[PDB]
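Just the one chain here, the form deposited without the ligand, laid out as structure tokens.
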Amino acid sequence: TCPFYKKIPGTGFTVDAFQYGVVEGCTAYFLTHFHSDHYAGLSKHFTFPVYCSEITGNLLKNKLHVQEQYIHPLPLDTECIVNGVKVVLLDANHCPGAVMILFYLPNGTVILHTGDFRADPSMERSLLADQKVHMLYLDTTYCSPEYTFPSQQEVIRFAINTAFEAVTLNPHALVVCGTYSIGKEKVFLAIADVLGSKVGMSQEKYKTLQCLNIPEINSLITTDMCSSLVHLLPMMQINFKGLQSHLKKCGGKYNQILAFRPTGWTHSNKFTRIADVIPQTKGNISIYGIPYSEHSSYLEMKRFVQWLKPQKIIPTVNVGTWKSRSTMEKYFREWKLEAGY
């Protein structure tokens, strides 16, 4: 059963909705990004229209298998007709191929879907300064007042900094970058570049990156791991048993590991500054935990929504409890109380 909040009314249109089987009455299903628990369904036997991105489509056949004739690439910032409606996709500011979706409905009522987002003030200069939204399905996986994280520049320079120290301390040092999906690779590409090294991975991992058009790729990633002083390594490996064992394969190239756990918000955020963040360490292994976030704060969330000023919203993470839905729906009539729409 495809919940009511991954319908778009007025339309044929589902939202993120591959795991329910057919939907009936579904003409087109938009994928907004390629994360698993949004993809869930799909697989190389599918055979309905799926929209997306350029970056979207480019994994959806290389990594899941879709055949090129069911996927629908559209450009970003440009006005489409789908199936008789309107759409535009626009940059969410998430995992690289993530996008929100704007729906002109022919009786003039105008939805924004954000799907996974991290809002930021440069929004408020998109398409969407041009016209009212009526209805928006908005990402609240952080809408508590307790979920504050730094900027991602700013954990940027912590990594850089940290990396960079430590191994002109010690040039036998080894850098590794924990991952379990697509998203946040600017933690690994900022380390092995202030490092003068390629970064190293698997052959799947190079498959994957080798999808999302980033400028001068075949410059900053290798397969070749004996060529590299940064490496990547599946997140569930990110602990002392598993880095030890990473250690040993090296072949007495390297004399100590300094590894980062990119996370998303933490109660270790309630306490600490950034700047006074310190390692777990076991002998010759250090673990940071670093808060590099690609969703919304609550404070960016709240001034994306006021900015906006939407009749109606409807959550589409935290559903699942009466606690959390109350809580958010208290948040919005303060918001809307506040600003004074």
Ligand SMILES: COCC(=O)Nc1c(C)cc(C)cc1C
Given for the second form:
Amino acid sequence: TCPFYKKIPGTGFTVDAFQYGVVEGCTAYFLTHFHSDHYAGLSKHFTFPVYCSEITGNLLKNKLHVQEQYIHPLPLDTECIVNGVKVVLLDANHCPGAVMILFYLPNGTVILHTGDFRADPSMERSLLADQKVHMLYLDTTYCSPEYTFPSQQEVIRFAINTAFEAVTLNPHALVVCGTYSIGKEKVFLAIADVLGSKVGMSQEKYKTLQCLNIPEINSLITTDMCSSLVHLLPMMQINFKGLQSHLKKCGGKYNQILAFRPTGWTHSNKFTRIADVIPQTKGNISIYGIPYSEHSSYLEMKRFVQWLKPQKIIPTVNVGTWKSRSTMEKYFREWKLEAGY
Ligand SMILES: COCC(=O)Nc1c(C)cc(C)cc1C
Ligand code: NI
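Switching forms now, from the form deposited without the ligand to the form deposited with the ligand bound, please provide the structure.
Complete assembly follows, chain above in first position.
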């Protein structure tokens, strides 16, 4: 049963709905971004049209082996016609290749589906500024006022400065960064850039990053772990046992590990500033949890919605409980009434 919030009324379209088999009456499947909760179900045996960004299409072809003839990449910021309906893809400020989708229905209704996004004032000067939006399908991941986090820029500043200090003090320290999907590439790339190193990683992860068209990426990534003092490992291995084991494997080249876990939100943020963040330490291993988010804070989300002024909001995250649903609807009404509507 495909939920109603993945269906676009008045069209043959669904969004991020690949885990339900053949959806009744769906003539085109849209994919907002290459994260597994959204792509779950796609493979080389999928034979319906898939619409997506160029970067997402590269990942579909190379990582999942979807046949080229079924992949329909669209340029960003360009009016395109799909099965007789005008659509536009907009940058979602999430992970690489992530998009929001504007649909212009034949009857004059305009719908924005945000996919996963981190709202930014820069969005207020895209093609969104050019017409009224009637229905908003909203990424409500952090739709509660306790969810505050710093800007991405402040978090990268903290990580750069921490890593540069540690390695300048001890030239035999290794830096490790955790990953389990695309996104948050700036964490490991900015650290490698300040240390004059490439980022070393598995063949599989190097393959994934090569699909992204990031400029000068051959210049910052490698599969040669020996030449690199910044290593990427699976997020599962960013703990004291996993990191002790990795250090053993580096053959006496290194005597200390500084590791980063770039999680979305921690509850340090409620009582603490970014400058006040401290690691967990055991022996010669330190682990920093840094609040690098690729989803809107509560205040960022509020500003975006109050600017857009949609007639109806359909949440796409935290929809499974009555308590969550009720809480989100109360915030939406607050936001409306504060602007005088
Ligand atoms: C009825 O639900 C939708 C809604 O409340 N929308 C809305 C919000 C959230 C804020 C502003 C400033 C204006 C509008 C129209
Ligand atoms: Ni996502």
